[PDB]
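Can you make the complete structure from the sequences, with help from the hints?
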Amino acid sequence: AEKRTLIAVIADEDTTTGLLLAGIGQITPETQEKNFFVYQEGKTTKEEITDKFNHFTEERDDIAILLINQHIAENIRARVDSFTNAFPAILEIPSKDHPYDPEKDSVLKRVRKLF
Amino acid sequence: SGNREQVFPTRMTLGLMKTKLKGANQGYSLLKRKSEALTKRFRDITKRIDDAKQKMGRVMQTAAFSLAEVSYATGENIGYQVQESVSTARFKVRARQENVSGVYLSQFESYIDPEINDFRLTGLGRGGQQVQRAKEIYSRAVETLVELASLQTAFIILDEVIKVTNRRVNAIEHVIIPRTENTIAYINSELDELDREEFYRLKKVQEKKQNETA
Amino acid sequence: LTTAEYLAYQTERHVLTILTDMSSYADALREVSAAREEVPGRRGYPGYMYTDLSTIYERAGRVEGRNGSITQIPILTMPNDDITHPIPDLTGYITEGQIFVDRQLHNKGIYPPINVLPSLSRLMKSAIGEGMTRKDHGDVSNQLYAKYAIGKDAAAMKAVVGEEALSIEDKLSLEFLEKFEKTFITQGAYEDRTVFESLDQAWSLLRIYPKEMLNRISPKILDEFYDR
Amino acid sequence: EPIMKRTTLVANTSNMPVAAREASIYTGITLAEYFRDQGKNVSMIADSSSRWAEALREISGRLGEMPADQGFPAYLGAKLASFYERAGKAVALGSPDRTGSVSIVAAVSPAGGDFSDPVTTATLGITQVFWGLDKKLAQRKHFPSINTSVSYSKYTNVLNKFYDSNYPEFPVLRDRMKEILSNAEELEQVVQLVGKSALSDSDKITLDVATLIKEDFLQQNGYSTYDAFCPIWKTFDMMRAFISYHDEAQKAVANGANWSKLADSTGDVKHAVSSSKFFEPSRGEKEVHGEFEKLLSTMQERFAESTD
Amino acid sequence: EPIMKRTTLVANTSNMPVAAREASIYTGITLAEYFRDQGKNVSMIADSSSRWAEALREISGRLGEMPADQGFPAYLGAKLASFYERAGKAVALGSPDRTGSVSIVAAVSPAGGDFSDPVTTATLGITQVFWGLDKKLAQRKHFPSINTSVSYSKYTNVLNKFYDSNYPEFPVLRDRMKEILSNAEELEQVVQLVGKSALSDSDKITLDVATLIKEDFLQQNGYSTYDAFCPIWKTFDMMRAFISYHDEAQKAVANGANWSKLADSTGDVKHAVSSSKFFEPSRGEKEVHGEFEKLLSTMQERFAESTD
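Protein chains in written order, with the numbering used here: chain Y, 7 to 121; chain E, 155 to 368; chain P, 14 to 241; chain C, 23 to 330; chain X, 23 to 330.
Worth flagging that the hints you see were computed from the coordinates, not collected in a lab.
Ideal Cβ placement from N, Cα and C applies to all residues, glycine included.
No incorrect hints appear here.
Label-pair distances were calculated between CB atoms; the ranges are:
1) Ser138(X) to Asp95(P): 22 to 28 Å
2) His61(Y) to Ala276(X): 24 to 30 Å
3) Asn155(P) to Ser296(C): 46 to 52 Å
4) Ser241(E) to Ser287(X): 47 to 53 Å
5) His61(Y) to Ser241(E): 20 to 26 Å
6) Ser241(E) to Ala276(X): 42 to 48 Å
7) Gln161(C) to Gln211(X): 24 to 30 Å
8) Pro118(C) to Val52(P): 52 to 58 Å
9) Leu170(E) to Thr15(P): 43 to 49 Å
10) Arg83(Y) to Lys176(X): 52 to 58 Å
11) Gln322(X) to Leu170(E): 49 to 55 Å
Put into C-alpha cells, the structure is as follows:
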C-alpha cells in the first residue's frame, strides 16, 4: 500500500500526542489534514473520537499504524470493530499518562483468548 | 448411513473416487503439518507480542519522562508548539512483505529521514535529546506494531487453514470413504452377484440339456 | 521349479530361482481355465489362482537334511499399478515381503529404480549377522531407511513451507537423499557391488550426519564403523 | 507420387458382418507380410482394433463359448499376441537374402474406460510401444492428446546405437525432458490445492518450462505447413533448445538472479524458443540447423547477460 | 356427506397371496375407468406399485424366467406403462356426451430408499408428476418430506390456463419460491464448509426466507385441525405472503438496512408469517383472504417503519 507515517489519536493524554509529534508527524498540504488528532480528556466527544477513528482507519487509505494512547477505553467497541482488518491501519495502544494495563488491550485480549 | 455424493456407480467413478480419496488424504497430511508449522510460528509471535506489550509500558513511560524533562528544561509546555510545527513526516513505515513459513506476511520498517528535522530546531537541546529518545521509542513501537500485524495476519491464515483441514477431514473424507464403500460393497458386489446368478442359470440349463441328450 | 528343486535338494546346491512376468502366467491361467466350461472368478482370473501360486511359490526354502536351498524371486507386472489386483495381492499374501520398482523413480532416470519405502524383506533378520554378512548391516539398513524417509517427506514439504523453514535435519536429509538416489541406489547395469562394498558405500554416504544424528544405529556400531 | 501407389487398403465397415470384421486385419497383415517378404519396409495401420476384439466377442457369443474378463474371450490375449508378433524386422525366407520389416500401428478405442478394458490390458503386455490417450488434454483441445505419463516405448534402449551415430545427445535429452515433465507434474499435483506462493525459483522454473514444453514441443496441430511432419533432426534441435532454456534458467537462479525478474528480462528468448517450432522443415536440415544453432547461441549469451 | 360414500377400497395385506396384487391393481384401474365412463372425475390411489412389481418378480422367479435388473421381469416397464396409460381426462364412449378422468396416483417403495431400482426408474419415465420423498426430512419429523430438488411436475405449463383463470400470479409465485429454494440449497451446501461468515446480506435473507419456507409452508402437519387440508386459495395466499416477505426484506436491505439488525426489529412480522399456516380453512375463503390481506398490509407497514 501507500507507506504513511503512524497515525496519532490521543484523547486520554495529549502529552503522548505531543511526544509522538516531536518524534515525527505529517500534515496534508493540499487537503489541510493532519495525522495528529490530539484530544483533551473530558473535552472531546466520544462520538467525535469515533468519527476521528473512522476518518483515519476507515476513510484514509495508506499503509500506517494508528496509536490510541489508551483513549480507546471509552471507544472499545469501535476499536474492536476497526481491529477486524490489519490494513489500511494497524491499531496500537501506547501507554499514556494513565498507564495502559494489558487487560484493556484488544490485541492482548485476542492473544489471551487464542492462548 | 453416513452420506453419499449421489453419483451413478460405475468402476470409472470408483477410480475417480479412490484417486480423490488419496488426494484428500495427502492434502490432509500436508495442511495438517503446514498448520503445525504455522501454529509453532504463531505461538512464537504471540509470546513476542506478550513480552513486547509488557515492555511497552516501560518504554513509553521512559519516553514520557524524557518529554517531561524537556518540558522542565524549557519551562513552558512545548506541546502546542510541537503540534503546530508539524510540516512533514520524518518517520515513515516501510510496508514490505516477508515469507514467514510460506505466508506473505507484511512487516513495517523505519524510514528515519534526518533531512526533515522540522521540529528539531525548536527549543533547547533538551528538545533534541527528547526527539532522539522518542525516535528510539517510536522505532520500538513500530517493531511492536509490525509484530502485531504479523500476528493478526497469521491468526487469520491459520484459522482458515485449520478450518479447511478440519472441514475436509470431517466431511469430505468422511463422505468420500463411505461413497467408495457404498460403490464397491453395494453396487459392484450386487452386479457381480447378478452376473454369477445369470451364468449359474445358464450353466444349469446347458448341463441339463446336455445330460438329457447324453 | 522342478529343475531347481532337483538341483538344490538332490545335488545339494544353492539355487536361486527367478520367474519373469507372472502376469503373463496368470493370463495363461485365465485362458486355460476358460478353455473348459468353467465360471470365471474375480477380475476374470480362475478362483483357484491362490492355490496354484501357492504350489509354485512353496517350492522354495531350506529343508531338513539336504544341504541345498531354493531362493525364489518371482517378477510380475502390475496391470494397473494397483496392489488390489489379484496377482500382486496373492503374491504378497503367499511370499515374504516384496521389492517395488517405481514408475516415477524410473522416469527420473535412476536405475535400478527400486523404491525403498514400500519394499520390505520379511526375513531380513536371518540374512543379517556377524558371520552372516557384516555386523553393521542391519543398523545401517535401518538408518538408511529412516534418513531416506525423512528426506522424502522433507522434499514433499519443500513446496509448502519453503527451503529456509526446514531444520538442519531436513537440509542434511535433502543432501543425503540426492546423494543416495544418485550414487547408492543408482547402480550400473553391469556393476557388481559386493555386499561389503555396498555397506562401505552406505557408510560413506551415511557419514554426512554427525554421530549424534544417527539415532537408528547403536553406539556400539558407531564407535566401530563411523571413523574410517 | 500418390500414396496410393504405395498403399493397399482394406475397407471393412460396421455394416459388414462380424466374420469379415474378424478377417480384415488378418488379410491386412498377410498382405504386409507378403510385401515384407520382398524386402519392403511395410507399415500396417489397424484402426479400431478394439472393434476387431468386439467382433471376436460377438463370434464367441454366437458360438456360446464361455468368455473371460467381462464378455471377452480368454484367448484374446493370445490372438493379439500372435497378430502383433507377426510384425518385426525379418530376413526373407528365400534367396537372395533380403531384410523386410512390418510395423503394426494398431488403434484401440476407449469404451468409457481408458485402460480397464481387456484389449488395452493385453496390448500393454504384448506391444512394445504404447501411446496412451490423455483425456484431460483432449478435454482442453490439446493435440496430439497422448498421455506422457502412462505411454512408454521399450525401444529407447535399442535405438541407442541409432542415436549414437546421428544424434548422440538424443537419449540423455529425452531422459531430461521426461524428468522435467514428471517433476513438474508432481509439483502441479501438489500445488493445485496449496498455491504457488511457497514454491522456490527452481520449482517455478520447472513448472513454466514444462508448460512451455507441453504448449510448444509436444503440441502439434498437424495441419499447418510447418510441423505437419517434424523431422528427427528438427525434433532433436528443439529438444536441445528447450533443455538449454531450462538448464540455463536453473543455472541463472543458482546465482542471485530472481526468476520473476529473469522471466521478464528473457521473454525474448522464451518467445524465440517457443517460436522455434514455426521453422519450416522444407528448408532443409542445413539452414534450419544453422538457425537452431543461432537460437542456442542467442539464448546462452542472453542468459549470461541477464545473470549479471 | 361421509367421505366414504365416494371411496371404494381394494386391499392386499403383505402376507396375503402375492399373485393377487396384480389383480388388485387391475381391478382398481378398471373401476376407475368405469366411473370415468359415467363422467365422474375419479382419482385412483395405488398404495404401493412396488409391491405389484415384486409380486411379478416372484412369479417370474417361480417360472424361472430370465431376470431383468435385480430379478424383475423384463416386461415390468411395459406392464407399468400400459397400466399408467389408462389414466387421462377423456370423453366417455356413447351418449349423452360426458367428460371423465382417472388420475392415477401410485406410490413406489424403493429398496433402501435408493431411487435407482428398476421399478422407480420405469415409473419415472412414465408419470408426468414426480413426488420423490426424502428419508432425512421424514426422520426429522418434517412432512410431507418431499424433496423439492428432485421432484417435478410437467403439468405446470398446461395448468397456466386454469391459473390465469383463477389465480394469475400463482405460476410467478411458484417459480419465485422454486428459485429461492434452489438458491438457498446451493448456499447451504457451501456454507457448511466455509462457515456462516463472508456471506452477503442478500444471501442471508435468501437463506432465512427459505428456511422459513421449509419449516412453515412446505411442512403441513396433516394430523391437525389447520393443516389437514389447505385449500388452493389459502396456499396461493401463503405463497404471496412468503414471497412478499422475501421481496420486502431484500428491498429494505438493498436500500441501506443491514439484515442482522433488521431481522430482530421485524421478528414479530416473521412470526406472523410463520403462524399464517395456523389460519383455519373452515373459517371461509373470504375471512381467510381478509386475514391474509391484513397480514400483508401490516408486514408492509412494519417494513416501512424499519426502513426509516
